[PDB]
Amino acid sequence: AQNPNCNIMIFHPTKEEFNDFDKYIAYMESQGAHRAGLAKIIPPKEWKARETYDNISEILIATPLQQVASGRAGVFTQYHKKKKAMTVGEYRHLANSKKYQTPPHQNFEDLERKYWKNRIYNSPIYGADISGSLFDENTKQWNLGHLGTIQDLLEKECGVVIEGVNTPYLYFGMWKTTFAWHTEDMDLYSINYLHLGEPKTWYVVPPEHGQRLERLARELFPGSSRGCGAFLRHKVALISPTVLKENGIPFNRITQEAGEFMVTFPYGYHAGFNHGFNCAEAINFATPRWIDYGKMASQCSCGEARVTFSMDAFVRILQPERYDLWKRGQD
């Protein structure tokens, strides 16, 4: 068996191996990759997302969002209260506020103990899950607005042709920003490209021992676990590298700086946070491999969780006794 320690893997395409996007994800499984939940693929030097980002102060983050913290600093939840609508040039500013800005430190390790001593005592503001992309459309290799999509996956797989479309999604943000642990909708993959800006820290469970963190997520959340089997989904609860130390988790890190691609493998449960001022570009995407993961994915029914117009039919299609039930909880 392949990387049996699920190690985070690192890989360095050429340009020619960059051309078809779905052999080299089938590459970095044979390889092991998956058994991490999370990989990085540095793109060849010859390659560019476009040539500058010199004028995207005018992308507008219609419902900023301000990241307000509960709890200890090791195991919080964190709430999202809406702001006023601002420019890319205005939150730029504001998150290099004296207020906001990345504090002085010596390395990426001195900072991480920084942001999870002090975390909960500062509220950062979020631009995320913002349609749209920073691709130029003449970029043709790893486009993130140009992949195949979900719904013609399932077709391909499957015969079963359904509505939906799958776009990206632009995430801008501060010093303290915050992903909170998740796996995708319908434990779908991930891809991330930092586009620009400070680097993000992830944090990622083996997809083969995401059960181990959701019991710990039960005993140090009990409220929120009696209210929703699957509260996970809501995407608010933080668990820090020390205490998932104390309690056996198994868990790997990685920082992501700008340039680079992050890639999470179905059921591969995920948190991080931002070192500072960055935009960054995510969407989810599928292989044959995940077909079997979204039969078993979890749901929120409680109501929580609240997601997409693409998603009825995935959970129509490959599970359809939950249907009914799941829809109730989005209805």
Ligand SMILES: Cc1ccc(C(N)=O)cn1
Given for the second form:
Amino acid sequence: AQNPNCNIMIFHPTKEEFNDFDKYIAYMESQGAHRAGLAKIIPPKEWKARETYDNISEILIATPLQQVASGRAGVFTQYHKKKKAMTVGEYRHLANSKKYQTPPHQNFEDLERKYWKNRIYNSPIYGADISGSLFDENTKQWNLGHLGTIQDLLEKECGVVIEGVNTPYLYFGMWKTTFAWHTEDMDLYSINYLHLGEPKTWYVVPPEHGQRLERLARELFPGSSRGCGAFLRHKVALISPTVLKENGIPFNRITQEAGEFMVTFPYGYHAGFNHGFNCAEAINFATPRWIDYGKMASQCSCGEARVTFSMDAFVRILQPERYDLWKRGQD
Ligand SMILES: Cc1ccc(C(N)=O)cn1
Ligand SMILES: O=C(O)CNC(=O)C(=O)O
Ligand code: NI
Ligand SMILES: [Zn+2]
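Starting from the form solved without the ligand above, please write out the structure of the form deposited with the ligand bound.
Starting with the chain above, the whole complex follows.
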């Protein structure tokens, strides 16, 4: 078996290898990449996402989210307090202000130490889940707005015909902005391109060990667990690498820099944080190997987790028994 220790693999496709997205994902998996839950892909040197990022400042963040933490440094939840709209120009200025800017640090490891030591004592503002794309329309390779849709994958594999669409989202981050432990909706893949700015550090649990993380989460957040059998779907829980190590949870970490892609694989739990002002673009996608994961995916039915329009059809077709109770939570 390839990659039995479930290490995060890093790929360097040539421009020739970068033409066929599906084929390269399949290649990565032939090398065992999916066992880690996360892979890095460094684009060929000839490739560019867009010519320049001039005027990005005009983009509106309609609902910036202030990420307020509760708990202890290594085990906490965050809730999102909605703030007034601001442009990316205003957001960038805020990110770079004395109150919010990245502190002096020696290297990535020093900054990681500072993050887990001090995260809960601050409330950074995240510009998350903004529908849109920053890829040039003339970028033909790995353009996250030009991928085959999940609906077409389901149609090709299963012959089913469903409503729904599948578009990218933009994420504007600053120092300490955080994504909580989660898998994707319906345990889909995700792909994430860091367009510009400071790095993003990722933590990931191998899919074959995801239930170990769930078990620990139920122990660490017992009230949340009683409220919902799938509460990690709420995307509010953080657990530090130190606490994961103390509890024997297998995981890996890696830092993504501007110009790099990350792919998360079905049922690969991940969490992380931003180093400073940056902009990422991400979208969910599917492959034939995903279908079985979609069938098995656990759902939030307490009503907390956000349900996109398109997820309805996935649950309806892949999980018809769950559908009625699940939509009872959506509506
Ligand atoms: C605590 C918890 C959260 C989410 C899930 C899941 N399978 O989605 C399971 N257990
Ligand atoms: O970049 C972020 O803030 C969160 N991204 C993801 O969880 C992802 O790409 O799957
Ligand atoms: Ni994700
Ligand atoms: Zn729930």
